[PDB]
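Novice: All chains, please: the whole structure from these sequences, using the hints.
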Amino acid sequence: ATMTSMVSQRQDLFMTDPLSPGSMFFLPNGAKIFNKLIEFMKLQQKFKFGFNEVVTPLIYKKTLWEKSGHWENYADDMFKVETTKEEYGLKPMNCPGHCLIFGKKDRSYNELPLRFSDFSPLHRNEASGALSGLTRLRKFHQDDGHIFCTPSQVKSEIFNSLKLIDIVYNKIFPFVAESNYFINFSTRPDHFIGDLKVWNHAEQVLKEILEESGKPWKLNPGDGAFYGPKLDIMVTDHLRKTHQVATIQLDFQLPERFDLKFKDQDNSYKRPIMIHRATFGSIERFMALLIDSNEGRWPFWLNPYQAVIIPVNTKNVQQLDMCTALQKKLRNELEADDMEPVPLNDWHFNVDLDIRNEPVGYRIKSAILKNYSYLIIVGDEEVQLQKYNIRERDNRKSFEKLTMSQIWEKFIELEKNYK
Amino acid sequence: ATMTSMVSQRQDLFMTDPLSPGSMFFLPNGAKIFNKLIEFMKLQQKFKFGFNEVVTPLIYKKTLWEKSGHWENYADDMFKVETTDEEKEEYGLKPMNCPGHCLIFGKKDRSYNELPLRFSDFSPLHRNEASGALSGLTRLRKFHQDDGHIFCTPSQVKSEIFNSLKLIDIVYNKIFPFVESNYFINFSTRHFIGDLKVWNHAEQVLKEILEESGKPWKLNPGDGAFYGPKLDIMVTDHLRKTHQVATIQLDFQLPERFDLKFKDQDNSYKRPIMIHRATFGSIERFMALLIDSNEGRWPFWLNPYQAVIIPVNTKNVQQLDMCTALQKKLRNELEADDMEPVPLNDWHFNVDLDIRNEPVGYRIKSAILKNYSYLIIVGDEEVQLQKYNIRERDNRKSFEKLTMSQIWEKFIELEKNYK
Ligand SMILES: [Zn+2]
Ligand SMILES: [Zn+2]
Numbered sequence: 001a002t003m004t005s006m007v008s009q010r011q012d013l014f015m016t017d018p019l020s021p022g023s024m025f026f027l028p029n030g031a032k033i034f035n036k037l038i039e040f041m042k043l044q045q046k047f048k049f050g051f052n053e054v055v056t057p058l059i060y061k062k063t064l065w066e067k068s069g070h071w072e073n074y075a076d077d078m079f080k081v082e083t084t085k086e087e088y089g090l091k092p093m094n095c096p097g098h099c100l101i102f103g104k105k106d107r108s109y110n111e112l113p114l115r116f117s118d119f120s121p122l123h124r125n126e127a128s129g130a131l132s133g134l135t136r137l138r139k140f141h142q143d144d145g146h147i148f149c150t151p152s153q154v155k156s157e158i159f160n161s162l163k164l165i166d167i168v169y170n171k172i173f174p175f176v177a178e179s180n181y182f183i184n185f186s187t188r189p190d191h192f193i194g195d196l197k198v199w200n201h202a203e204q205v206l207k208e209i210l211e212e213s214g215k216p217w218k219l220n221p222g223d224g225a226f227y228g229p230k231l232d233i234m235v236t237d238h239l240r241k242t243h244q245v246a247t248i249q250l251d252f253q254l255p256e257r258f259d260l261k262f263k264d265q266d267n268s269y270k271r272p273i274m275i276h277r278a279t280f281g282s283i284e285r286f287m288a289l290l291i292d293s294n295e296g297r298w299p300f301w302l303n304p305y306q307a308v309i310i311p312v313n314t315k316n317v318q319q320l321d322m323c324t325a326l327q328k329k330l331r332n333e334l335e336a337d338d339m340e341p342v343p344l345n346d347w348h349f350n351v352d353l354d355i356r357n358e359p360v361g362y363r364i365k366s367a368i369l370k371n372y373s374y375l376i377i378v379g380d381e382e383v384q385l386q387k388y389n390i391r392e393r394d395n396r397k398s399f400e401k402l403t404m405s406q407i408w409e410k411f412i413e414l415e416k417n418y419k
Numbered sequence: 001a002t003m004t005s006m007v008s009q010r011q012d013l014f015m016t017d018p019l020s021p022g023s024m025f026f027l028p029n030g031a032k033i034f035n036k037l038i039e040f041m042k043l044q045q046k047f048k049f050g051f052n053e054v055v056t057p058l059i060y061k062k063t064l065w066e067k068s069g070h071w072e073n074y075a076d077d078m079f080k081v082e083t084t085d086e087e088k089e090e091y092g093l094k095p096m097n098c099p100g101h102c103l104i105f106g107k108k109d110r111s112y113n114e115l116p117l118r119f120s121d122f123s124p125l126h127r128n129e130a131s132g133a134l135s136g137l138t139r140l141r142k143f144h145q146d147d148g149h150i151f152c153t154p155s156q157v158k159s160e161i162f163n164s165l166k167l168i169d170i171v172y173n174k175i176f177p178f179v180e181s182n183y184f185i186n187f188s189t190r191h192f193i194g195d196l197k198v199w200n201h202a203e204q205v206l207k208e209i210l211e212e213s214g215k216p217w218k219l220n221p222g223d224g225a226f227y228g229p230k231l232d233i234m235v236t237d238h239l240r241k242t243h244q245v246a247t248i249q250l251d252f253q254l255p256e257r258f259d260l261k262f263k264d265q266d267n268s269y270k271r272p273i274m275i276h277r278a279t280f281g282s283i284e285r286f287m288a289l290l291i292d293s294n295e296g297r298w299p300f301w302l303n304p305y306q307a308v309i310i311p312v313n314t315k316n317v318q319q320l321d322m323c324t325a326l327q328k329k330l331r332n333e334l335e336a337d338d339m340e341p342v343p344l345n346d347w348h349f350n351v352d353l354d355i356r357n358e359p360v361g362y363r364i365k366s367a368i369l370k371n372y373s374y375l376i377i378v379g380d381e382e383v384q385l386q387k388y389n390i391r392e393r394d395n396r397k398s399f400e401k402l403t404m405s406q407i408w409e410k411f412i413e414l415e416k417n418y419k
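Heads up: the protein sequence lines correspond to chains B and Y, in order.
Each residue of the first sequence is one higher than the one before, starting from 1 at the first, in my numbering.
Each residue of the second sequence is one higher than the one before, starting from 1 at the first, in my numbering.
Quick caveat, the hints were computed from the structure, so don't treat them as lab data.
Ideal placement from N, C-alpha and C gives every residue a C-beta, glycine not left out.
Treat the hints loosely; a few may be bogus.
What the hints assert, rightly or not - Some chain B residues flagged as far from chain Y (calculated, every beta-carbon gap over 10 Å):
no. : residue
1   : 58
2   : 63
3   : 83
4   : 150
5   : 172
6   : 201
7   : 205
8   : 296
9   : 329
10  : 336
11  : 346
12  : 382
13  : 403
Claimed, not checked - For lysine-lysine, the following DSSO-like pairs were computed, each having C-alpha atoms within a straight-line distance of at most 27 Å:
no. : chain 1 : residue 1 : chain 2 : residue 2
14  : B       : 416       : Y       : 142
15  : Y       : 270       : Y       : 218
16  : Y       : 166       : B       : 329
17  : B       : 46        : Y       : 416
18  : Y       : 329       : B       : 163
19  : Y       : 166       : B       : 67
20  : B       : 42        : Y       : 48
21  : Y       : 329       : B       : 80
Specialist: What follows is the structure, given as C-alpha cells:
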C-alpha cells in the first residue's frame, strides 16, 4: 500500500474507477488541495514572473501533430479520434498550440520576451502496467509555459525561471550552499540541429547561471537533446530516492518547424528562441511527493481540514453556542435563501465541528488521526473565561487561550505567509 | 456573430485556427474574463450554496455511457476514442459530466445526514456537431459548463430547488442588467424509465413549486426526454431572441440505474432523488451573450483593460514619476528577481499606461475605444495638487481628482460590488 493511497483513504482525497482506467478522480478535498496549488502557481506566474495564462484546445488535427513531428513520434503513446475523416487526436502536451498562438499574429522584438502559461489537462497513453498512482498517469494536469525571447535576454529569463523553482522547493516546501535541489545540466549531443553559434551562446549563458547560482549542479555532459540544452531539477527523498520533477528545456526545433518570426530592432526577421518551462511538473505527481513527504500532514493553507471545534459536553449550552458561533465566523458563509452573494478575496476556513456524543478524548483522538492542523476545544473554564483552547498538531504544546478575533487574525496571517 | 468577433479583435480576447475546428483559443484577456467568471461561480457555489467542486476524468469506457443510457439517444453527436492496436474496448469521450458524479456518489457508503450532498464540475466538455453546425461562441466542440448535481431525500427537494433558483436570481435578476423580471421558465415530460404516475408525481411537485414560485412560466412537450421533469430558464435577447441559459433537471432514472442508496435515520436504505443544475451553462456561450449585450463595455469587474494613465506631457519626469508610481502601486506586482512570494487575496488591477508620444487627446482617442473602464490623467495641476484626474467610463463629464490611496480604496470597493 502506497502512502498516497493511504492518505487518500483516510482524508477522502481521491477516487479510482474501472470505468475510467488510469484517469484520476478528485474528491472535494483533493479538489481543495489541487485548486489551491494551482491558485498559488497562477498568482506567482501572473503577478510576479510575468506569465499570461491562456486556455488552449484539448484536441487538434492529425496534420498539426504531423507538423511538429509528434505524430509518428507518439504512436500508441497518444490517443486518437475521428471527425465527421480528418482523424483528430488528443494533446499529450501544450507545445504546438502555444506555437500557433505566437504564429497567428505578427510579432515584434518589443513584445519579447513573450511568455505563455497553460494549466490545461494532458492525456498520455501508457502501458496498462506502466501507470502507478499519481506519479505515472493517463490523464494528468501539468503547469506548462513557454518563453519566446531574443537570445540576448535568454540568460535573464532562465534566471527568473529558476528563481521561481527556488521559491517553490527551497522555500515554500519541506523535505530537504545547502539547498533542497541540485541541477542536471544537459549539453549538446554528437548529433544536433540549429546553428552551433546560438548553441554555444546558450550553453555558455547556462554555465554562467549555474556557476553563479551557488546551487550544486551535475554536468551530465552529452545527454539530450537534438533540439537543444536541458536543465533537470533534482530533489531527493527523505528515503534517499532521487526525483526529477520539473525541467527547463530550450527548443530549437519548433521555432523552425512552425516558422516563427519576429521583427528585430534592425528591422530584419529573426527566429525567436523557445523555452519549455515547468515547475510543479505533473501536478498529480507533485501532490504525490507532498504526500510522501508530509505523510498526510498538511501546512495550514493546503490542508483540506484546517481546524476543528470540540465542545467538552455535547449537551452543554454555553459551550455549544460558543463553538457554533466561532465556526460560523471562521467558515464565513452566506445563507442560500438569501440574495447578497460572496465577494472576492474574502477569507474562508474549513473549520469542521464535531457534535458527536462520544467522550471528549474520543473526538480529540479521532480529530488527531484526522490530521486537523488546529484543535480548538471549549470546556467550562473556556466558557467562563470567554475564550477558546487552541493547539497545533505538530507540536502538542501550545494551548493558547484565544478570542474569536485573535484566531481569525491568526489564520489570515497564516494563509498570508503560507506555512 | 461578427460582434463577438469584433470585440475579440479589438480587445485581443479570442483566437481561431483551422487546425482545431470547434475549439476556441482563450488567450490572455479572454482567459482573464473566463477565469474571473469561473471564480465568481466557484465562490458562490462553495461558500454560499454549499457545493463541492470535483474533477472527473475526460475519458470513460463506452460501458459507462451504456449503463447510464446516454449511449443510445445522445451517442449521435458524441465523440469516441479508439487509440487501440489491440482491444479497444471503445472508450468514449465525455460530452457531459452526469454519470461521473453518480459514480462518485455510489463509490462510498453514505447516509441521510450527508444530504443534501452537492457536487460541481467545471471540467471541459466535448460535444461533436456538424462541421458547419458550429457557431463560433454559440455552439462549439470544446466548451466549459458549470454543471453540478444534487443528491437529497424527497423532504429536501423543494428546498434545494428554491436555493438553486436564488443562485440564478443572482446572475440574471441582479448581477447583469442587460434586460420587472429578466427571465421566464419552461417545462417537461418528453423515452423515460419508471412508472408514468411517478414521473407525473414529479411533475406534480415541480408544478407545485412553480405554483409557489411567483415567476412567469410556460409549457412544452420536448424538454428533457429523461430522466424526468425539468425547468428551462429562457432569457429574452438584446433584440427579440429568446435563449435558454440554464436548465434544472429532476432525475429519477439515474439513481435507480446506478443503484444509489443511503441510510435514513430509521437505518433503512432508500433511493436518493438527484437534481441536475446549471446556471452559466456554456461559459463560451454565456460569455458570448455578455459580449453582445455590452459590446465590449464590460463593467469594472470583468474588464480585461481596467484603466489607463495619461502623462499629458510624455517627456516630463515630474509627471511620469507620478504615473509609474500609481501604476506600480496599483497593479501591486512584485519583482521577478525576489525570493518574495506573491501573497493570496492581495488585490491586483490591470491599469495600463500610455507613454506614446502624441497629443493627449490622441491617447484619449483610444481609451473608450479599447474600452478602458476608467481614464486617469496627470497634468501640471495634478502634480501641484498631488492628485490624479479620474474620468468615469460611461460618464462623459463628471470626474474626480483623487489621491493614490483613494484610487486604490475606490477600485477595491468597486470590484467588491461586482460593479
Ligand atoms: Zn512545452
Ligand atoms: Zn447532469
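Novice: Run every hint past the structure and note whether it holds.
Specialist: Status of each hint after checking the structure:
| no. | hint | in the structure |
| --- | --- | --- |
| 1 | 58 | violated, 6 Å |
| 2 | 63 | violated, 7 Å |
| 3 | 83 | violated, 7 Å |
| 4 | 150 | holds, 17 Å |
| 5 | 172 | violated, 7 Å |
| 6 | 201 | holds, 22 Å |
| 7 | 205 | holds, 17 Å |
| 8 | 296 | holds, 18 Å |
| 9 | 329 | holds, 13 Å |
| 10 | 336 | violated, 4 Å |
| 11 | 346 | violated, 8 Å |
| 12 | 382 | holds, 27 Å |
| 13 | 403 | holds, 22 Å |
| 14 | B:416 / Y:142 | violated, 36 Å |
| 15 | Y:270 / Y:218 | violated, 33 Å |
| 16 | Y:166 / B:329 | holds, 23 Å |
| 17 | B:46 / Y:416 | holds, 21 Å |
| 18 | Y:329 / B:163 | holds, 23 Å |
| 19 | Y:166 / B:67 | violated, 50 Å |
| 20 | B:42 / Y:48 | holds, 24 Å |
| 21 | Y:329 / B:80 | violated, 49 Å |
Going through the hint list in order, the structure does not satisfy hints 1, 2, 3, 5, 10, 11, 14, 15, 19 and 21.
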